[PDB]
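With one protein chain held back, the other chains of the complex are shown just where they sit.
Chains here go by letter, A, B, C, D, E, F and G, matching the order in which they are written, and residues are numbered from 1 within each.
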Amino acid sequence: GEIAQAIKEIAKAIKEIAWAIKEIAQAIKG
Amino acid sequence: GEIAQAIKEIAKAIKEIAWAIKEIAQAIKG
Amino acid sequence: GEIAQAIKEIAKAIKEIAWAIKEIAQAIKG
Amino acid sequence: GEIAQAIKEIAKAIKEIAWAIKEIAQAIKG
Amino acid sequence: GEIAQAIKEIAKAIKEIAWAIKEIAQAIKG
Amino acid sequence: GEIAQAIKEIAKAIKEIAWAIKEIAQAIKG
Amino acid sequence: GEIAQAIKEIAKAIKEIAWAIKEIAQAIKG
Partner (left out) sequence: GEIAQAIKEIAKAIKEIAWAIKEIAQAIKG
């Protein structure tokens, strides 16, 4: 359904934020 | 539907936050 | 509809957060 | 409606977070 | 209604986050 | 209702994030 | 109900974020 799919698009975007935060950890450590 | 589309607009905005955090990571690496 | 519009208002606010985070990247880089 | 209005209250609060992040950006620039 | 009130409780919590972020700006500036 | 109560649980968790950010502010001030 | 339980899973995840932010306060203070 379109609303479940839209909700899933939110979850994928949140995963992008987690990845970006991971990059900041790499930046600090380096 | 309008609700599903508005939920997608939230997902797009959340992606924009991910891109901005990536910019912070790169600014730290530099 | 009023609920779709309210949801869209959330997406616009999230976009404001992304912009502010972009500013922090500029601040760090400078 | 009360639900749409409560959702708008969330959007206003999310804007307040954007303003606060802008203050961090300016504090770094200073 | 109970669901609108619960949603409003979310908005108030988000406002608490904005205030805390404001404190971080004060901390940095000081 | 169970849905309203679960939404309140999210609001309580969001408050916990505010408290944690306040701890960062105080750690910076110190 | 499954939707209330899913919402509760969101609240527990948000609590994990609060805990992680608490760790950052400890890291800064130390």
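Everything that follows uses one rule, which is that a contact is a pair of C-beta atoms (placed from the backbone, for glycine too) under 8 Å apart; a residue touches a chain by one contact, two chains touch by 3 or more.
Interface residues of chain A with the unshown chain, by the touch rule above, are 1, 3-5, 7-8, 10-12, 14-15, 17-19, 21-22, 24-26, 28-29. In the full complex, the hidden chain is touched by chain G at residues 2-3, 5-7, 9-10, 12-14, 16-17, 19-21, 23-24, 26-28, 30.
The rule is short, and it goes like this: only the chains that are shown with their structure count from here on.
The distance from the centre of chain A to the centre of chain F, with each centre set as the mean of the Cα atoms, comes to 21 Å.
Separating the CA-averaged centres of chain A and chain E is a span of 22 Å.
Multi-chain contact residues, meaning those touching two or more other chains, do not occur anywhere in chain A.
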